[PDB]
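Enquirer: We have chain A already, so just place chain B on it with the hints.
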Amino acid sequence: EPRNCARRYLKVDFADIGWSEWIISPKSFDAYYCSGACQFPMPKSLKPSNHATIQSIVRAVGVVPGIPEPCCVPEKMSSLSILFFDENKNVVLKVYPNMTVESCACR
Amino acid sequence: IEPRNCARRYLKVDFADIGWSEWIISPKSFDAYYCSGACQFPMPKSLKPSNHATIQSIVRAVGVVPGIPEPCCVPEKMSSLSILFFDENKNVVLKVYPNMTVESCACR
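Here the protein sequences come in this chain order: A and B.
In terms of UniProt numbering, the first sequence has 412 at position 47, counting the first letter as 1, and numbering is strictly consecutive.
In terms of UniProt numbering, the second sequence has 376 at position 12, counting the first letter as 1, and numbering is strictly consecutive.
Chain A extracted, bound-state conformation:
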């Protein structure tokens, strides 16, 4: 994945994840994911931590083998409201946190 760290479309279908037995609604949801380079020098929009900035320089500046790139990870996220069955077949409505990626950062 050659481009910079950004958010990418991904639709997750609960039937394809094995969860169609317990989940009533929704059938699917756009989860998105993060991918791309975190390479020296990272643009300020990639919002690197102080650590990721230093890690990126250690990688660029040669020495110290095996130092990976900072990770392209979810920064802002949002919830999903799920209607589903309990282990006991009680119908439950729950807001699950951190379900969909809204933005990505280098960390």
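Calculated from the structure, these hints are not laboratory results.
You can take every hint at face value.
If you only want the chain A side, here are some residues facing chain B, beta carbon under 8 Å, derived: (1) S414; (2) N415; (3) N463; (4) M464.
Where a beta carbon is used, it is the ideal one built from N, C-alpha and C, also for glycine.
Expert: Using the frame of chain A, we list chain B on its own:
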């Protein structure tokens, strides 16, 4: 690509080796650490995946949908780093810099 599970690894950063010795007075180096390792289905609870990472890892495990990477091994807890240094104007400054040292890693 480290084949072990997501964990914190040793890295000592020397400021002279990253080109910052002109302005940094103390310390001359610090233990930065870094994160690497696998975040694959099924992830142990100790890797503290988010709901999203759990889902991403299942979508990956099932062949369906090409191109989905593993959740990333990133710093969860971090610590800061007091640096004595010279300003652009040659004032001596003491500043605590946040998020300098990895204390723990998570799958995200």
